[PDB]
Each structure stands twice: as C-alpha cells, then as structure tokens.
Amino acid sequence: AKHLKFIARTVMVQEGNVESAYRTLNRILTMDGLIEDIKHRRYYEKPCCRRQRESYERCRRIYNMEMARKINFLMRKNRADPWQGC
Amino acid sequence: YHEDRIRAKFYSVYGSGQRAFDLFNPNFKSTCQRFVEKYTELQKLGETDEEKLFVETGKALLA
Amino acid sequence: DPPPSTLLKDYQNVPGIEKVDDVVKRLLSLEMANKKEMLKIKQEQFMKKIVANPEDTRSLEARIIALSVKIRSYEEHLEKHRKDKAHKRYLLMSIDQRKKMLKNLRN
Amino acid sequence: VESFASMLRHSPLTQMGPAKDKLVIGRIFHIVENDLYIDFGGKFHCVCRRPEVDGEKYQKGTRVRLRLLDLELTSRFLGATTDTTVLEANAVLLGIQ
Amino acid sequence: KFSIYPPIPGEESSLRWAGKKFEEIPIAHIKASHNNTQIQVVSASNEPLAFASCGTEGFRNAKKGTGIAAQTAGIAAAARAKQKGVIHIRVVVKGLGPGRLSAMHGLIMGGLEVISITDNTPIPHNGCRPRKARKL
Amino acid sequence: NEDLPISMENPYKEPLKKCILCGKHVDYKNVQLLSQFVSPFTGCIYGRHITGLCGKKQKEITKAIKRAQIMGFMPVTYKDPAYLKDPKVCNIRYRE
Amino acid sequence: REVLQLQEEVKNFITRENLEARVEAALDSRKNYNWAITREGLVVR
Amino acid sequence: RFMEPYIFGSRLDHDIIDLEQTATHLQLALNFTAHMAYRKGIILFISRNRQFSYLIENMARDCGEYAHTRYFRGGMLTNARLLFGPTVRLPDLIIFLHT
Amino acid sequence: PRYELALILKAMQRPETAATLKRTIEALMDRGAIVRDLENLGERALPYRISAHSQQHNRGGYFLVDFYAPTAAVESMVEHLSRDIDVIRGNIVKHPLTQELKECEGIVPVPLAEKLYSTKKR
Amino acid sequence: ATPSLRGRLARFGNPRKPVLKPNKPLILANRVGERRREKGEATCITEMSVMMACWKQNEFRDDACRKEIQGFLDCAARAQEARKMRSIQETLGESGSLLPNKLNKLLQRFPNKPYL
RNA sequence: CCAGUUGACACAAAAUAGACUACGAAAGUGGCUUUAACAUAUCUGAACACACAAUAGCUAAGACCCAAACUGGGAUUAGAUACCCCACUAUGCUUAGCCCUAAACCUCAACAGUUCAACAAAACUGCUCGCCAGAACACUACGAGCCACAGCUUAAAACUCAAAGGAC
Ligand SMILES: [Mg+2]
Ligand SMILES: [Mg+2]
Ligand SMILES: [Mg+2]
Ligand SMILES: [Mg+2]
Ligand SMILES: [Mg+2]
Ligand SMILES: [Mg+2]
Ligand SMILES: [Mg+2]
Ligand SMILES: [Mg+2]
Ligand SMILES: [Mg+2]
Ligand SMILES: [Zn+2]
Numbered sequence: 002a003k004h005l006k007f008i009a010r011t012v013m014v015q016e017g018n019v020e021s022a023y024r025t026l027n028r029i030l031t032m033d034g035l036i037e038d039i040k041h042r043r044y045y046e047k048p049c050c051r052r053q054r055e056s057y058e059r060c061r062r063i064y065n066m067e068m069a070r071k072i073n074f075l076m077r078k079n080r081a082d083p084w085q086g087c
Numbered sequence: 065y066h067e068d069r070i071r072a073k074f075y076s077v078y079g080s081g082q083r084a085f086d087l088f089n090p091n092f093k094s095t096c097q098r099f100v101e102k103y104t105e106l107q108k109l110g111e112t113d114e115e116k117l118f119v120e121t122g123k124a125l126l127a
Numbered sequence: 066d067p068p069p070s071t072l073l074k075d076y077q078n079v080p081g082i083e084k085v086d087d088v089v090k091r092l093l094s095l096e097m098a099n100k101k102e103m104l105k106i107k108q109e110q111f112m113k114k115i116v117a118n119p120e121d122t123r124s125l126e127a128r129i130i131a132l133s134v135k136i137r138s139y140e141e142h143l144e145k146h147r148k149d150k151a152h153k154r155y156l157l158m159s160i161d162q163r164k165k166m167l168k169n170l171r172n
Numbered sequence: 077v078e079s080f081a082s083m084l085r086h087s088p089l090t091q092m093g094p095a096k097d098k099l100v101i102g103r104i105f106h107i108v109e110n111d112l113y114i115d116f117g118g119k120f121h122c123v124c125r126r127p128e129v130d131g132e133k134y135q136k137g138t139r140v141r142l143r144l145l146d147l148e149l150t151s152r153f154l155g156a157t158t159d160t161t162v163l164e165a166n167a168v169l170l171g172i173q
Numbered sequence: 059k060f061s062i063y064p065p066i067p068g069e070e071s072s073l074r075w076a077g078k079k080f081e082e083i084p085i086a087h088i089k090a091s092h093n094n095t096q097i098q099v100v101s102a103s104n105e106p107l108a109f110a111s112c113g114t115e116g117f118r119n120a121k122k123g124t125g126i127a128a129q130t131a132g133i134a135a136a137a138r139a140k141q142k143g144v145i146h147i148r149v150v151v152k153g154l155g156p157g158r159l160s161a162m163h164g165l166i167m168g169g170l171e172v173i174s175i176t177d178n179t180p181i182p183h184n185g186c187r188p189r190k191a192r193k194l
Numbered sequence: 047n048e049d050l051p052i053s054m055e056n057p058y059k060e061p062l063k064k065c066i067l068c069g070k071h072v073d074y075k076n077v078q079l080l081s082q083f084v085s086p087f088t089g090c091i092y093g094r095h096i097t098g099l100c101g102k103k104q105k106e107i108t109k110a111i112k113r114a115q116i117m118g119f120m121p122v123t124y125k126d127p128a129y130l131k132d133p134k135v136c137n138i139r140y141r142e
Numbered sequence: 155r156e157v158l159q160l161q162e163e164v165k166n167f168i169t170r171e172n173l174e175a176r177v178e179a180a181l182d183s184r185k186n187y188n189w190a191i192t193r194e195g196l197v198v199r
Numbered sequence: 100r101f102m103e104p105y106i107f108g109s110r111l112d113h114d115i116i117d118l119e120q121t122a123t124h125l126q127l128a129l130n131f132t133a134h135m136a137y138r139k140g141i142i143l144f145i146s147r148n149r150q151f152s153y154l155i156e157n158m159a160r161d162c163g164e165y166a167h168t169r170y171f172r173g174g175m176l177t178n179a180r181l182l183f184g185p186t187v188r189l190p191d192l193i194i195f196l197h198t
Numbered sequence: 002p003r004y005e006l007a008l009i010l011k012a013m014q015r016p017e018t019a020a021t022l023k024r025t026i027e028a029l030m031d032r033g034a035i036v037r038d039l040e041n042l043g044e045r046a047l048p049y050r051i052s053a054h055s056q057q058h059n060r061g062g063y064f065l066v067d068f069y070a071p072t073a074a075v076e077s078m079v080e081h082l083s084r085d086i087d088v089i090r091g092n093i094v095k096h097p098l099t100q101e102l103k104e105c106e107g108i109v110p111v112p113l114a115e116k117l118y119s120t121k122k123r
Numbered sequence: 002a003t004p005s006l007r008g009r010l011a012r013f014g015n016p017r018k019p020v021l022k023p024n025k026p027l028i029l030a031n032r033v034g035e036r037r038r039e040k041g042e043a044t045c046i047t048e049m050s051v052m053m054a055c056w057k058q059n060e061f062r063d064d065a066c067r068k069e070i071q072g073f074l075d076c077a078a079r080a081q082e083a084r085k086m087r088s089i090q091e092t093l094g095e096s097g098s099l100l101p102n103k104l105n106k107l108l109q110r111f112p113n114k115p116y117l
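If you read the sequences in order, they're chains AQ, AS, AL, AW, AI, AP, AU, AB, AE and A2.
Mapping of the first sequence onto the authors' numbering: residues 2 to 87, in sequence order.
Mapping of the second sequence onto the authors' numbering: residues 65 to 127, in sequence order.
Mapping of the third sequence onto the authors' numbering: residues 66 to 172, in sequence order.
Mapping of the fourth sequence onto the authors' numbering: residues 77 to 173, in sequence order.
Mapping of the fifth sequence onto the authors' numbering: residues 59 to 194, in sequence order.
Mapping of the sixth sequence onto the authors' numbering: residues 47 to 142, in sequence order.
Mapping of the seventh sequence onto the authors' numbering: residues 155 to 199, in sequence order.
Mapping of the eighth sequence onto the authors' numbering: residues 100 to 198, in sequence order.
Mapping of the ninth sequence onto the authors' numbering: residues 2 to 123, in sequence order.
Mapping of the tenth sequence onto the authors' numbering: residues 2 to 117, in sequence order.
Worth flagging that the hints you see were computed from the coordinates, not collected in a lab.
One thing to keep in mind: the hints can contain errors.
No more than 25 Å apart at the CA atoms, straight line, and that leaves these computed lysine to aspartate or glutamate pairs for DMTMM-like [said to hold, decoys possible]: (1) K23 (chain AE) to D182 (chain AU); (2) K106 (chain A2) to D82 (chain AQ); (3) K3 (chain AQ) to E82 (chain AI); (4) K119 (chain AW) to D82 (chain AQ); (5) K23 (chain AE) to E44 (chain AE); (6) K3 (chain AQ) to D87 (chain AE); (7) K131 (chain AP) to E81 (chain AI); (8) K85 (chain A2) to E39 (chain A2); (9) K78 (chain AI) to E20 (chain AQ); (10) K165 (chain AU) to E5 (chain AE); (11) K131 (chain AP) to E20 (chain AQ); (12) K131 (chain AP) to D73 (chain AP); (13) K105 (chain AL) to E156 (chain AU); (14) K59 (chain AP) to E106 (chain AE); (15) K93 (chain AS) to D97 (chain AW); (16) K109 (chain AP) to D33 (chain AQ); (17) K114 (chain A2) to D114 (chain AB).
Using the sequences and the hints given, assemble the complete structure.
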C-alpha cells in the first residue's frame with residue numbers, strides 16, 4: 002500500500018513454468034537470506050548470541066569452502082594405482 | 065639465473081614455448097634452447113641494445 | 066585570537082590569483098577550507114612573532130607551538146556541540162600532554 | 077669433477093625455467109593400470125588416461141608432446157600450516173609426434 | 059527470449075498475450091501460511107469475485123493449513139473466477155507454510171494459466187524490531 | 047661469477063592486477079549502470095569476492111550504491127522493465 | 155600550474171554567456187551520462 | 100628445520116641442494132657401506148613409496164643385502180626374537196631408499 | 002570536501018521552476034557559494050514513487066545544481082531548500098566525480114593462517 | 002577466498018578484537034559429513050490425500066475415483082521404492098558419483114603435515 | 001482496520017553487499033547529506049584526583065506503531081511470578097542531581113629484543129607499578145570516601161579440618 006507491487010519481486014513465468022520461477026525465488030531467498038531475515042526478525046536474539054552465531058556461520062562457510070576445495074583438488078587421483086609394487 | 069630476463073622477453077614478444085623439449089639427457093638442445101644459448105652467447109658484450117639482436121635472431125629463425 | 070580572513074599559507078607564492086576576479090581567488094583562499102586554515106594562520110603568526118625560524122612544525126619550539134595551537138583548536142571545537150565526550154577525553158589527554166611537555170621543558 | 081658453477085647453471089630443469097605453456101616431449105616412465113603417466117623431465121610428470129585418438133603408440137621409450145601446466149599443484153586448506161602436495165602436474169595432451 | 063521483467067500496463071505494455079494486456083490479467087492474492095488461506099481472484103476489469111476459505115470444508119483445527127484445504131480452496135476460487143471469465147491470473151504468495159506451493163499447484167490445476175508470480179511476502183526491510191523468542 | 051645463482055630484479059612480474067575499474071569511473075547517475083550491481087526484484091547487491099573488487103574498492107562502491115538508493119538516484123524496490131537485459135558485470139547467483 | 159588550470163576552468167562553470175539559457179536547458183534539455191558498462195571498460199546502453 | 104643447511108636455494112617453490120655436499124655425503128655413505136659389507140655387514144633397504152620397490156628388491160637380490168619395503172609389523176628389529184629365531188644377527192646398517 | 006546538489010522536483014509548468022532556479026543561483030552567488038555546472042539528468046523518473054510523507058511524486062525531473070559551499074552555510078542552504086514545496090527527498094551530495102575512490106591500485110592475495118593452534122593432536 | 006583474520010586474533014600479536022571464535026577445533030580432517038536419513042520426512046502423500054478426498058466426496062466404495070485409487074496404489078508402491086532408493090543411494094552406495102567411504106579414503110590418501 | 005492492486009499519521013530500524021578495516025586508554029558502531037574527526041610515535045610512573053559508560057537503577061520529566069518488570073485469561077498442571085498465545089507500566093531516542101560495578105576477557109600489560117605439570121594463546125631475559133602465598137565465615141559485620149540510603153574501593157577477626165583449588 003505504497004508503490005506498485007506488480008514489479009517488486011515479481012518473477013515472470015514462461016509457458017506456465019511456475020516451477021522455474023518458484024525455484025528461482027527459493028534460490029534468491031536462500032542465497033540472499035530473505036528466509037533467514039524472516040526467521041531472525043520474527044523474534045529476538047541476544048546481540049552477543051547474534052555475533053556468536055555470525056562467527057559460527059563464518060566458520061561453517063570457511064569449512065564448507067575448504068571441503069569443496071579439497072574435494073576438487075583430490076578428485077584428480079580418481080584413476081588407479083601408479084606402480085602397484087608394495 | 066641471467067637467462068630469466070631472456071626467457072621473459074622471448075615469451076612476451078613472441079609466443080610461448082612451442083618447441084618440443086626432451087629434458088632427459090643432460091644439456092639437451094632443440095630450437096628454443098638453441099635460441100636461448102645463442103642469446104647467452106650474445107650476452108653480455110652488448111651494452112648498446114639487446115633487443116636488436118633479439119629481433120634479428122627471431123626473424124632469422126622464423127624467416 | 067588570530068585573524069579570521071587572511072591568505073593561504075601554502076598558496077602564498079602563487080601570483081595567479083592576486084590579479085584576477087573574485088571567484089578565482091575564493092577558490093584558492095580562506096573559504097573552501099576548514100578550521101585547519103585558522104590553525105595554520107595561528108601557527109604562522111606565532112612562529113613569526115616568537116621563534117626566529119618559522120614554518121617548521123618539528124623542532125622543540127615548533128612542536129610546542131603546534132601543541133598550543135592544537136589545544137586552542139580543541140577548546141574552540143568544544144565551544145560548540147558540547148554533546149561529545151570522546152572529544153572531551155581528547156582535550157583532557159591534550160592538556161595532560163601539554164603539562165608533561167611544559168614540565169620536561171622547565172626541567 | 078668438472079666446474080660446479082657451469083654444471084649448476086646449464087641444466088635441463090634450470091634451462092627450461094618456469095614451466096608455463098611449454099610443449100615438452102617425453103616418454104612413459106612406467107605403464108599404469110589404466111592411466112597414462114607420461115614423463116618429461118621437469119619436477120613432476122603429467123597425469124591422464126589413454127586418449128581415443130591413437131592410444132597404442134604410447135610405449136616405454138616413445139616421444140609424445142605434452143603441455144606442462146602447474147608443476148606444483150598445492151594449496152593451503154584450512155588449518156594445515158604446511159602445504160598438501162600431490163606429486164602431479166596435470167597438463168593438456170596434444171597428440172603423437 | 060521472453061523478458062523476465064513483467065511489463066506493467068503503465069511502463070510499459072506492448073504485447074497482447076492471448077488478447078489480454080497485463081491489466082487484463084487479474085491478480086491472485088493468497089495468504090500462504092501454516093494455518094489458513096484467503097484467496098482473492100480479481101476480474102479482468104479489476105474487480106474481486108472469488109474468495110474461498112479452508113474451514114468451510116469441515117475442518118477447524120490445524121488441518122486447514124495443510125495442502126489439501128489450500129488446494130481445494132484454490133480450485134474453488136478458480137471455478138468461481140472461470141464462472142465469469144478470467145483464465146489468466148497472477149500468482150501471489152504472502153508468508154511461509156505448506157500452503158505455499160500447494161496453493162500454487164491448486165491454482166495451476168484449476169484451469170488458470172500463470173504468467174507472472176507477483177508474490178508480495180511480508181519482508182520488513184529494517185522496520186519492526188524482533189519480539190521475544192517463542193517456540194515456532 | 048655469472049654461472050652462479052644471483053637474485054636478479056625478480057622478472058615475470060604481471061602488471062597492476064586490475065579487477066574491472068582499470069580506468070573508467072562508473073557514474074552514479076543512470077539506471078542501467080547503477081542497477082547492474084543490484085537485483086531487479088529486491089534491491090540486493092552481490093558479494094564482494096563475486097565482483098572481484100578489493101577491500102576499499104568494493105566498500106566505497108557499495109557505499110555509493112546505497113547513497114544512490116537512498117537519496118533517490120536509483121529504484122530500490124525493483125527495476126523498470128524499460129531497461130531489460132543487463133550485461134554480465136556481477137556473476138548472477140540465481141537463474142543463470 | 156594548478157592555479158592556472160583552476161583559473162581556466164572557472165570560465166567553464168557558469169559564465170555570463172550561459173546563465174538563464176543554462177537554467178532553461180537544465181529544466182528542458184538533457185545532458186546525462188546514461189551509458190552502461192560491463193566486466194571490462196566498454197561503453198553500451 | 101634441520102634441512103635448511105643442506106637446501107642451498109630454491110627455484111619458485113622448488114628447493115635445490117648443493118651438489119658438493121650431496122657428493123660428499125654419497126662418498127661417505129658408500130665408503131661406510133662398503134667397509135661394513137667387508138665384514139658381512141647386513142645392509143637393510145627401505146622403500147614404502149612404491150616408486151622403485153621392484154628395482155630395489157632386484158638389486159638386493161643381485162647383492163647380498165636385504166630390504167624391508169613392506170609393512171612394519173609388531174617390531175621387526177626391536178622384537179625380532181618372537182617373529183623370528185632367538186639368535187639372529189640384526190642389520191648393522193639401514194639404507195633408507197625412500198623413507 | 003566539495004559539495005553537489007541534485008534538486009529533484011516535479012514537471013510543474015516551467016516559468017516557476019526557472020524563476021526559483023534563478024533566485025537560488027543569485028542567492029548562492031551573492032552569499033559565497035561557487036556553482037560549478039547546471040546539468041540535468043533528463044525527465045527520468047523512478048518507476049516507484051516515494052513513501053511521502055508528505056506528498057505524492059510520480060513524474061519529475063532531475064535538475065542538478067553542482068555547487069560548493071564553504072563551512073557556515075550548509076545549514077542555510079538546507080533551510081533554503083526546505084523552504085521549497087514539491088521536493089521528493091532533498092539531500093545535498095559531495096562531489097565524487099573529480100577524485101575517484103581512495104588510493105588503491107589492484108587486488109592483493111589473501112594471506113593464509115599461520116599457526117592458529119598448538120602442534121599436538123586434538 | 003577466506004575472510005580477513007590476520008589482525009583480528011586473540012593472541013599476543015595484534016591487540017585487536019577477535020572475529021573468528023571457533024567453538025570447534027578448526028582443523029581439516031579426512032571424513033565426509035555424517036550420514037543421516039529418516040527423521041521427519043512424511044513425504045509423498047499427495048496422491049493418498051487426493052484419493053481420500055475423492056472417496057469422502059463420493060461414499061466409501063470405488064465408483065467415480067478409479068483414477069484416484071490407481072494413483073494411490075502407485076503412490077504407495079513408489080513411496081516404498083523411494084524409501085528404499087533413498088536409504089541405498091542417498092546414504093551409502095550411489096550410482097553416478099563416489100561413495101562416502103570412498104571419498105573418505107580419497108581424502109585420506111593425502112592427510113596433512115602440520116608438524117612441519 | 002481479515003488477502004491488497006489506485007494512498008495515508010511516530011524520538012522506530014539497519015533487508016545481501018556486513019565475505020568489509022577502523023579508531024578510541026576501553027566502552028562503542030555500521031541505509032543516507034553537513035559542523036567539527038585519529039594526543040605525544042622513547043616507555044612506565046595515583047585503586048589518597050580531572051572523565052566515560054559497559055548493561056542496569058533512584059530522582060524532574062519528554063517520548064517511538066514497536067518490547068518486556070506489574071500482567072489477566074487457558075495446553076500440561078501434582079506443587080509453575082518462566083515455558084506454550086495479545087499487548088502494556090520504571091527503561092530502549094533526549095537534558096541534569098548520581099554507586100561506576102561487570103566476564104570494561106582478547107582473564108595473556110607498554111617498549112627493547114632473540115630462537116610444553118596438564119589444557120594449551122610457542123619458548124627465553126631487562127624495564128614500571130598492581131596481586132597474593134587457608135578455603136566456607138570473607139563481592140561480608142565493622143572502619144575511611146561517595147547527595148547510594150537494597151550499593152560501590154578496601155573490607156577483618158572466632159569453632160570445625162586435614163586442607164582447598166585447577167588439570168589429567
Ligand atoms: Mg564448541
Ligand atoms: Mg605502569
Ligand atoms: Mg608519573
Ligand atoms: Mg555506565
Ligand atoms: Mg511491551
Ligand atoms: Mg512503557
Ligand atoms: Mg537509535
Ligand atoms: Mg573497576
Ligand atoms: Mg564484563
Ligand atoms: Zn578495482
């Protein structure tokens with residue numbers, strides 16, 4: 002009740018492919034964190050707890066990035082044995 | 065080594081290493097290695113400008 | 066209490082604004098700057114009136130004059146917008162440093 | 077025992093300088109179960125499988141051109157204060173002769 | 059092919075999708091939540107006509123927020139809209155819950171073609187402060 | 047003498063590793079250019095490493111973006127369909 | 155040199171030759187840098 | 100840490116060892132091994148990297164020395180009295196081919 | 002630092018806006034504010050209006066007034082601007098075109114953590 | 002890649018505020034995430050729900066819900082098959098990628114050398 | 001006044017970028033325009049003084065839809081000033097009379113530097129003040145200071161014992 006709501010977060014659907022637009026909207030919510038925004042603004046979290054949760058999320062992101070890097074770096078050995086002598 | 069600048073210039077002015085290098089037997093020779101050896105032979109004793117001799121050798125090897 | 070309207074200390078050897086209109090000089094005069102201009106004016110005036118080697122801001126006497134000018138600037142700043150306690154502590158530390166420097170000098 | 081300076085200067089690994097986009101030719105140092113670890117001097121050997129275009133000429137004593145890309149392959153992961161080596165190179169294969 | 063942005067009738071409508079401008083395609087306001095839904099299918103002339111609930115079927119507990127009641131209400135609203143002519147609509151979503159995708163599937167199966175999900179969820183961009191934590 | 051290893055001037059030096067702003071200052075008075083770094087739905091900007099900018103670089107860039115959003119130099123709630131496609135400046139994380 | 159450059163640029167601000175006409179152009183004419191950019195330094199709309 | 104004196108220099112994340120030090124170490128080690136074999140000095144090879152275990156074992160076969168290029172079970176040299184005989188001369192020299 | 006005004010008004014006739022701009026320019030020239038350029042961003046207008054409080058701005062222009070204020074006049078200029086009527090969101094700007102971002106060349110490699118825990122086992 | 006953490010460390014060096022406060026030992030390992038399944042699924046029930054709705058709208062027997070009854074039968078069958086396929090592929094032995102233990106061993110091929 | 005497309009009234013709150021780096025002795029902070037912004041760069045040298053407030057609270061009140069101390073009405077209830085649902089009173093934004101205590105922790109002081117009782121924020125020496133070398137009594141009676149009159153800086157002495165505390 003302020004501006005035109007037909008353009009705000011209004012993804013278009015092609016050939017009735019509501020699944021594609023819905024998946025795009027869900028990916029937006031997840032990446033940007035709009036679902037997280039709702040979950041966190043719905044009720045209160047102690048600023049100390051908020052900063053601790055932010056640090057824990059940073060740690061988890063670092064861990065996931067390092068795991069992905071290690072996987073992509075060690076998947077090269079998915080071949081066979083080099084010598085097979087001992 | 066002193067050949068670092070020579071190799072840098074050779075790979076910056078012209079294309080990268082396209083010659084087949086063996087590197088098995090000691091002090092192997094080919095075309096790019098021969099060019100590097102000629103450059104080292106022409107270095108120093110230049111003072112004036114080494115780019116002239118570089119371009120001369122490049123044009124002699126290519127044409 | 067240095068003068069308010071004077072000329073620039075850094076742009077002193079530039080005759081390209083003396084024989085010109087008004088806006089051209091205003092672009093390179095005391096108008097587009099801030100309190101730093103008044104600080105420089107006070108520094109130059111007191112250095113020319115006291116020490117025989119002005120424009121330095123490094124020597125002992127120069128450092129003392131710079132500290133005095135900084136204290137004056139902090140006082141004038143606290144003269145307005147008194148709702149800042151960080152700047153109050155800054156001025157307190159400046160006064161403490163002034164006392165320390167004066168003691169070291171006298172001793 | 078010849079000159080130590082000249083020998084340390086003129087050497088294959090040092091003559092090739094920083095291997096980067098250099099087409100090197102070599103042979104296979106050891107037949108693999110189902111790979112094609114072709115050697116070519118340097119610090120390490122490439123790693124790949126048998127290509128679909130002519131994959132029989134590769135013998136213990138052949139000459140096939142390589143590309144040489146990243147002779148180190150290392151990366152500090154998370155807490156490992158040191159490096160994690162792999163003893164490989166990984167390069168794009170060209171062909172035969 | 060096919061611009062992702064919706065051309066509002068003002069700035070700027072240029073095509074006629076099945077002989078219907080963007081304004082000719084009504085809205086499908088829906089209150090998606092874990093409890094109930096309030097469907098609203100507008101007409102081509104910008105006039106509401108449809109409005110179905112969940113408890114009217116027979117349930118009164120939390121079963122209204124499930125997908126069954128949402129789909130039934132969506133089908134009823136689609137039928138009420140087609141009774142006078144609507145066909146095309148603009149899917150909308152307000153809140154989170156099982157009635158989110160269920161309502162969309164019901165609207166799609168009700169004979170109405172979707173062309174732009176004009177969902178307007180309540181995302182207070184730095185507004186209402188958080189409240190006391192409660193078990194959700 | 048010359049055949050011994052002697053640290054030279056460290057050759058093989060790449061020029062200034064410029065990201066995208068090599069020498070073109072983006073203007074803060076446009077629709078397409080200013081929205082390129084913003085989502086045309088919720089008004090979100092992409093990550094720092096996604097754009098490839100440095101610290102102060104992306105910091106001031108997003109500061110100016112928010113200044114344009116607030117002061118009234120770019121629509122925040124969404125984007126007008128007039129400016130349809132957008133060049134691939136910031137690697138879009140959705141749709142793709 | 156900087157003072158000379160500033161004196162020369164002062165004439166490029168709002169000279170007397172473009173006072174009311176400048177306001178009229180600003181209120182009616184257009185003079186914007188409406189140009190988009192990509193990953194590199196390329197001009198495009 | 101203790102490898103820094105030997106490591107003379109590096110070539111872009113590639114260490115280079117002085118040839119003189121390596122040659123002297125080789126001379127000393129080979130002289131010691133020869134003078135030990137001069138009294139039936141049981142030399143022991145080790146190479147679990149599998150890079151050249153075949154060739155090392157073949158060379159050990161051609162010579163009179165032995166190799167331990169396999170897993171180290173419950174004490175092969177410190178507790179060699181149970182898995183083997185009681186009176187068994189242990190190796191007086193171990194040449195780690197690939198430690 | 003330098004200043005920059007972006008007067009955002011509506012397309013209300015024309016002579017009134019011209020007279021207002023003339024009066025503002027004359028006042029700025031008589032006081033002590035040097036005006037740089039009086040460019041314009043055309044008749045562009047945001048697709049969405051403002052949450053005004055206390056007006057309704059649909060279509061409007063973007064008349065720039067790149068000016069430079071000294072020190073003891075920003076408040077007077079803000080008051081003169083508020084004295085207007087049809088204004089979307091009056092907000093002076095600091096000239097950022099001349100000097101770009103801070104002094105920073107290009108990207109640098111992120112350093113890796115060196116010994117964050119005791120060497121034991123964990 | 003990783004966030005800044007040089008100065009922001011609770012050590013004797015930089016006396017800045019610590020940002021990364023890892024409650025767990027931030028040390029890489031050679032083990033993939035924990036294997037899990039079955040907790041609060043309750044999925045693949047739309048066919049059963051629509052069948053029950055069709056049956057309630059009619060009576061008790063199958064007279065105008067043959068499509069619904071066959072859909073419910075196929076849904077039960079496919080739900081059993083999907084639970085089995087989940088427990089198999091999505092947990093242990095996959096068909097298209099590597100296995101959990103296989104990836105664990107692949108990571109263990111090159112563990113770490115933190116003691117220098 | 002429930003779902004809003006044509007719009008509406010707060011001293012609110014910083015949607016991804018915030019993955020960014022800073023100053024301040026430390027509190028302390030991130031959506032925006034402006035006034036003024038980073039003290040000495042040899043260090044320390046008052047817990048008998050100039051000042052901050054971490055969060056909160058007494059007094060005079062302004063004051064934000066938005067929160068709770070006082071809250072009613074109901075799962076469960078055997079016994080619930082919390083839990084599961086609605087908002088509200090001192091207080092969150094502002095000027096003054098005030099205890100300045102904390103986990104004001106990064107429990108690791110500033111400079112000169114050099115190369116593991118256990119948990120581990122690696123080891124080795126100088127510089128300056130502060131700390132203690134019986135716990136429960138003892139963040140307390142009493143004494144000295146504070147416009148607190150539920151408290152703050154310090155804060156002891158009796159009967160009991162083999163202590164007591166931390167790690168592994
Ligand atoms: Mg933990
Ligand atoms: Mg001290
Ligand atoms: Mg003292
Ligand atoms: Mg306080
Ligand atoms: Mg309340
Ligand atoms: Mg209240
Ligand atoms: Mg506030
Ligand atoms: Mg204290
Ligand atoms: Mg504390
Ligand atoms: Zn850049």
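Hint by hint, here is what the structure shows:
no., hint, result
1, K23 (chain AE) to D182 (chain AU), "holds, 15 Å"
2, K106 (chain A2) to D82 (chain AQ), "holds, 14 Å"
3, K3 (chain AQ) to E82 (chain AI), "holds, 22 Å"
4, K119 (chain AW) to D82 (chain AQ), "holds, 20 Å"
5, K23 (chain AE) to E44 (chain AE), "holds, 20 Å"
6, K3 (chain AQ) to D87 (chain AE), "holds, 18 Å"
7, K131 (chain AP) to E81 (chain AI), "holds, 23 Å"
8, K85 (chain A2) to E39 (chain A2), "holds, 11 Å"
9, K78 (chain AI) to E20 (chain AQ), "holds, 23 Å"
10, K165 (chain AU) to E5 (chain AE), "holds, 19 Å"
11, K131 (chain AP) to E20 (chain AQ), "holds, 22 Å"
12, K131 (chain AP) to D73 (chain AP), "holds, 19 Å"
13, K105 (chain AL) to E156 (chain AU), "holds, 21 Å"
14, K59 (chain AP) to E106 (chain AE), "holds, 15 Å"
15, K93 (chain AS) to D97 (chain AW), "holds, 19 Å"
16, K109 (chain AP) to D33 (chain AQ), "holds, 18 Å"
17, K114 (chain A2) to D114 (chain AB), "holds, 18 Å"
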